[PDB]
Every structure is written in structure tokens, then in C-alpha cells.
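A.B. asks: Each chain is listed here by its residues.
Protein chains: 2
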Amino acid sequence: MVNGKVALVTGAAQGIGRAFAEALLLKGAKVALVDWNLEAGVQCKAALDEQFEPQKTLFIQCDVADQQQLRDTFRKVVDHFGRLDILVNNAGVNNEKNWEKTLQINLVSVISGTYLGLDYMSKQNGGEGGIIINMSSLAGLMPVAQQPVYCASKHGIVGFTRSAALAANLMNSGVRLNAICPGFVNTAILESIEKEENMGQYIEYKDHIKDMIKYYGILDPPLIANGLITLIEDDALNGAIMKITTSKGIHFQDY
Amino acid sequence: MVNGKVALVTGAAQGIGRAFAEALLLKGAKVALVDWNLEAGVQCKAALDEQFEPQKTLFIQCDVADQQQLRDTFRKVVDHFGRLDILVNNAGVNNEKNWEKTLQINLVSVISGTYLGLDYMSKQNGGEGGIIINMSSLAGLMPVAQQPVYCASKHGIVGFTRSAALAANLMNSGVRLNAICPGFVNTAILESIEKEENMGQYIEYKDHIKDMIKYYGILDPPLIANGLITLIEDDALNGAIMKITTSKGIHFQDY
Ligand SMILES: NC(=O)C1=CN([C@@H]2O[C@H](COP(=O)(O)OP(=O)(O)OC[C@H]3O[C@@H](n4cnc5c(N)ncnc54)[C@H](O)[C@@H]3O)[C@@H](O)[C@H]2O)C=CC1
Ligand SMILES: NC(=O)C1=CN([C@@H]2O[C@H](COP(=O)(O)OP(=O)(O)OC[C@H]3O[C@@H](n4cnc5c(N)ncnc54)[C@H](O)[C@@H]3O)[C@@H](O)[C@H]2O)C=CC1
Ligand SMILES: Cn1ccc2cc(-c3cnc4ccc(C(=O)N5CCCCC5)cc4n3)ccc2c1=O
Ligand SMILES: Cn1ccc2cc(-c3cnc4ccc(C(=O)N5CCCCC5)cc4n3)ccc2c1=O
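Line by line, the protein sequences give chains B and A. Under the entry's author numbering, the first residue of the first sequence carries the number 2, and numbering increases by one thereafter. Under the entry's author numbering, the first residue of the second sequence carries the number 2, and numbering increases by one thereafter.
Bear in mind the hints are in silico, worked out from the structure with no lab data behind them. Take these hints with a grain of salt, some might be off.
Because identical chains share one entry, a pair is satisfied inside a single copy or across any pair of copies.
Said to hold, decoys possible - Restricting the straight-line Cα-Cα distance to at most 20 Å, the calculated cross-link-like pairs of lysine to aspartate or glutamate (EDC-like) are:
{"#": "1", "residue 1": "215", "residue 2": "73"}
{"#": "2", "residue 1": "124", "residue 2": "198"}
{"#": "3", "residue 1": "244", "residue 2": "197"}
{"#": "4", "residue 1": "46", "residue 2": "67"}
{"#": "5", "residue 1": "77", "residue 2": "198"}
{"#": "6", "residue 1": "211", "residue 2": "73"}
{"#": "7", "residue 1": "98", "residue 2": "255"}
{"#": "8", "residue 1": "102", "residue 2": "67"}
{"#": "9", "residue 1": "196", "residue 2": "212"}
{"#": "10", "residue 1": "196", "residue 2": "64"}
{"#": "11", "residue 1": "249", "residue 2": "54"}
{"#": "12", "residue 1": "98", "residue 2": "40"}
{"#": "13", "residue 1": "124", "residue 2": "195"}
{"#": "14", "residue 1": "196", "residue 2": "67"}
{"#": "15", "residue 1": "46", "residue 2": "235"}
{"#": "16", "residue 1": "98", "residue 2": "120"}
{"#": "17", "residue 1": "196", "residue 2": "40"}
{"#": "18", "residue 1": "249", "residue 2": "50"}
{"#": "19", "residue 1": "211", "residue 2": "101"}
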């Protein structure tokens, strides 16, 4: 069940994040959208208000790269609603010129948010348990030539997820950690490859990514949401890596 | 071959780095030791001077985390031996309490050093070619419960190496990138898993990894040097993952 549970989704004003938020609110959940984009977040919240209830959503503007901001955002989330049951970490960028910030946002922020969610969720620290869902890509399971740091960040995310799952199992925290790896999703992050200001030296080789995209296909963000509702609804699923593609669909990386 | 080539090996004051430096100097290559430990580097340099020629070693104190020092160390290394031919990125600290520093030292520093090596080594830019070998662990392709962020860093190293190999093949830089994934190697980093000021919250489960170490045995740093020499000697090896264990031995991750 999801009804009555509090969900905290990072970067949920557009793309996959807002699809996750819509799915969670459809199943019934008080949802906190945190995002560093003020206008995008306000527009997303005002759109979600029209079909859902006004009081089941809460927008917070914060940069997940900052640590004090993330801690204070978690403080506001748990203060407003009251608890925390689902934590989805999907705030990624495709900047290769400033790859340091890309690594700080994709990987460091994921681990920091996971630790904060364990702080506010683990039974040892006081809580009932829950789920923490980390969003990686198939780049975390296979190499991508035109974006090395993004591949490294996704690999780090998947490794950290499938190790922290075993850790949390050992610590009796009651928190189950799973990772979601989509293929290509029709979002804005897909048009970033076409620009050199966040691609840099690899802007000359952006055609290979387009060829791969055409060969495989493009996934609707709603379908990705069906993955999130599938891991949450299953209690006996800890550390499993969800893979979403076109031909196969929603399956798992049998390790 | 490395009969007269120049190698920048990282973290060569002690442990695996010292074995790499000894092997390379035995083969005939000038070696630039880099370390953040003044005394540990000075003693290693004195020993290597007493063994090999005085002029084939150059010790430079630098913290690989600091970007300015790292780019101001490559400058002196290339301003001393003239060229750069081998780049061994080997600098890992196990510290889960300050996991931000661990991530910065293990993953960010390796990527920055690889980018500097491509800047100073790519055939199209001003160079001739060479090899960049990033040191990883078997935890780079397996989950480890008692150290999640270390697993994430190693997964990032593996993914970045695998992707950057294809990238460098695509840009015609002539630089070959490979990664090494040893098992348990008898060094001074295994004593850090028995320290609560170094492992933090996972110090109650160090027995689980100690059981694994006793089970798979331990490895001699000379074997990792043999693996490095095997990687460098073969010109048809780009992106191959180097696995060293005690039963199979030196072999490759067949992806
Ligand atoms: N869209 C795709 O085709 C794929 C995306 N993913 C992953 O899904 C995640 C999100 O999906 P996208 O398609 O990229 O959506 P997107 O284009 O909407 O980008 C994610 C959103 O997160 C927010 N965000 C970014 N950096 C942030 C930060 N530092 N602090 C707070 N909020 C921040 C922004 O609102 C941004 O629009 C990313 O981590 C991405 O790597 C996974 C596989 C493929
Ligand atoms: N020893 C083992 O059993 C395993 C080790 N490794 C890898 O080997 C490396 C560790 O070397 P070991 O010989 O095992 O032990 P070690 O800890 O003695 O070697 C690492 C050395 O690197 C240097 N170093 C650390 N941080 C630095 C920094 N920021 N700047 C400059 N120098 C720095 C220090 O001199 C340090 O002693 C790591 O890269 C680790 O991932 C891989 C698999 C298992
Ligand atoms: C059957 N099959 C087999 C292989 C396969 C591989 C991929 C596949 C392969 N490289 C990828 C590299 C990067 C990303 C990614 O995160 N991006 C894109 C760029 C913008 C940022 C967001 C996704 C990828 N996705 C997708 C589908 C299939 C597939 O359906
Ligand atoms: C046949 N076989 C099969 C599996 C296997 C697994 C490992 C194996 C399994 N977890 C590992 C986890 C971490 C590290 C590591 O980097 N540390 C240790 C801690 C201090 C920092 C440095 C190495 C590991 N090494 C080793 C050998 C075999 C092996 O020989």
C-alpha cells in the first residue's frame, strides 16, 4: 500500500520526477517536490493542484548539491507532513564541461540524500522503515562513449545502492533500497546532448548517441512511473536493480 | 615497452604504488612519485635511490584532491623528464565517516588526473600516446556491505575507465585506458577496517569482511605490479578490466 504515506522526490518539477509525483499522488500519498528551479516547481505544483488535493503536495526550492540546504529541506519536509516513507532521488544533469558539478549532483547528492533518509527513516534512529529509490541509467550498467563522467556517476549510484541495501539489511533499519535504470526517456535532458555548452569536447561525437536512440527507442515517462509503483508495492525486493527498456520492458538485472 | 618512458604513478610512497614504482624502474622507466605524505615519500625515494639510479626517480608532494596542486604537479613532472608516457592513477583512502573526502580522493581525483593525462599525452594535441591505468578494486564490480561509498567510488572508476577507453579510441588520441581490480592485497589499508574513526557507523560489522579476507587469502603487491606490466606491454588492450585473485590469478572481466 501507498495510501497515507509521505513521499519525498528530488527534482520533481519536470520530466521523470513529476511523473513519479503524479503516480504517487494517484495512489494516494503526501508528496514533497524539492527542486532548485523556482518557476518550474511552482508551475508543476500549480498543475498538480488542479487534479489532486491542494494539501497533499509541498514544493521546496533547494539545491541538492548543497548539504546544509538538503538537511534543512529534510527538516521542513518532516516538520510539515510528519513522517517520511518513500524517498526518490532523481536530480541529474548532463554537463560534461563542468563535470565536477555533474559528479557532485548526480552521485554525491544521491549518497547524502540516502544517508539523510536513513537518518529520518531507520528504526534505529526512530521510525517505521520505508523505501529509498535511487535513479540511475543503463549507463550505470554499460559504457557510454560521449559522456564519461555521467557513466561514472551512474555506476557509482548503482554500486552504492546495491551495497547500502545489504548494509541496511544488516543494520535492521527496515529500509529497502532499490535502483531504477531507464533507457531513453522523452524529457528535456535529451536535448542537452545537442548543445556544446554542457557537452564540451564530445560535442563532435553526439551523432552516435542519436543513432543509438533511434535504434532502441524512446520511453514515455509514465511507464517509468510504473516501475516506481512496482518496487514500492513489493516488500520482498531489496537491492534489486530495475531495468526499463523498449523491447523487454520492466525487468531486473539478474546478478 | 617502457625502456625509456616516463611514468607518473600516484600514491607511490607505500603499498601497491611502491610496487608499481619498483617494477617500472626495474623495467627502465623514469618514475615521478606523487604523495601527500612527506616522510613516507622521502623514505620510499631514498630506498629507490639506494636500489635504482638516483636520476630515475622524482618525488613531488601533492594532494590529488586539490585541483590546483594536481595541475601544478603534472607541470613539474613534464618540466623535468620532458614527456609523459604512463599515468598510473592509484590513490585510495578508506574513510566512511568523512565519505565526502573519500569520494573526492577516489573518484573525482582519478577523473581529473585522467583528463590531465589526456591533455599532456593525446597524440592529436601535442603528444605521442601512452597508457593511463586507473587502479580500482574488485568491489568495483561486486557489492560490499560494510563500505558503500568505497564501492560507489570503485564502480565509478570502472565505468569511467570503460567509457573513456572508447572515447579516446574515438578521438584518435592514441591513449589507451585500462583498469585494475585486485582482490585483497596485503598493504597498510587493511588495518583501517578495524578503526571506528575510519569506518564510522560500519565498525560493528568489520567481522563480516574479515571473514571474507581470511577466506580468499591475501595478495602480494608484486603481483599487482606484474599485472601492471602485463597491461602496459600489450598494445591491443583498451578498456580491458584487470582482475587479480588468488585462485584464477591475472585474468580479464569478459563483458
Ligand atoms: N531522461 C532520460 O532519458 C534519462 C534520465 N535518467 C535520469 O533521470 C533523472 C531525471 O530525469 P531527466 O530526464 O534527467 O529529467 P529532467 O530533464 O527534468 O532533469 C531532472 C530535473 O531535476 C532537477 N534538478 C537537477 N539538478 C538539480 C539539483 N542539483 N538540485 C535540485 N534539483 C535538480 C531539475 O528540475 C531537472 O529538470 C536524472 O538523474 C537522469 O540521469 C535516467 C535514464 C535516462
Ligand atoms: N590494498 C588492498 O587490498 C586493495 C587496494 N586497492 C587499491 O589500492 C590503493 C591503496 O593502496 P595500498 O597499497 O592498498 O595501501 P595504502 O593505503 O598504503 O596506499 C595508498 C597510499 O596513497 C597515498 N595517498 C592517499 N591519498 C592521497 C592523496 N590525496 N594524495 C596523494 N597521495 C595519497 C598514501 O601514501 C597512501 O599510503 C587504492 O587505490 C585502493 O583502491 C585495491 C584493491 C584492494
Ligand atoms: C534492448 N536494449 C539494449 C540496449 C539498450 C541501451 C540503452 C542505453 C544505452 N546507452 C545509454 C547512455 C546514456 C543514457 C542516459 O542516461 N541518457 C541519454 C543522454 C542524455 C542523458 C540521459 C541512456 C542509455 N541507454 C537503451 C535501451 C537499450 C535497449 O532497449
Ligand atoms: C574467487 N574470488 C571470488 C570473489 C572475490 C572477492 C574479493 C573481494 C570482495 N570484496 C572486496 C571488498 C573490498 C575490497 C577492497 O578494495 N579493500 C578491502 C578493505 C579495505 C580497502 C581495500 C576488496 C574486495 N575483494 C576478493 C577475492 C575474490 C576471489 O578470489
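A.B. asks: So, for every hint listed, does it hold in this structure?
C.D. replies: Taking the hints in turn, this is what the structure says about them:
1. 215 - 73: Classified as neither; 42 Å inside a copy, 44 Å across copies.
2. 124 - 198: neither (45 Å within a copy, 24 Å between copies)
3. 244 - 197: neither (29 Å within a copy, 36 Å between copies)
4. 46 - 67: neither (23 Å within a copy, 41 Å between copies)
5. 77 - 198: Answer is neither: 35 Å inside a copy and 31 Å across each miss the 20 Å cutoff.
6. 211 - 73: The answer is neither: 40 Å in one copy and 38 Å across copies each exceed 20 Å.
7. 98 - 255: Classified as neither; 34 Å inside a copy, 31 Å across copies.
8. 102 - 67: both (11 Å within a copy, 15 Å between copies)
9. 196 - 212: within (16 Å within a copy, 50 Å between copies)
10. 196 - 64: Close neither inside one copy (23 Å) nor across copies (34 Å); limit 20 Å.
11. 249 - 54: The answer is neither: 36 Å in one copy and 60 Å across copies each exceed 20 Å.
12. 98 - 40: neither (25 Å within a copy, 37 Å between copies)
13. 124 - 195: Classified as neither; 46 Å inside a copy, 26 Å across copies.
14. 196 - 67: Cα proximity of residue 196 and residue 67: none, with 26 Å in one copy and 29 Å across.
15. 46 - 235: Close neither inside one copy (28 Å) nor across copies (57 Å); limit 20 Å.
16. 98 - 120: between (34 Å within a copy, 14 Å between copies)
17. 196 - 40: Neither. Shortest intra-copy (23 Å) and inter-copy (47 Å) distances fail the 20 Å Cα cut-off.
18. 249 - 50: neither (35 Å within a copy, 60 Å between copies)
19. 211 - 101: neither (25 Å within a copy, 35 Å between copies)
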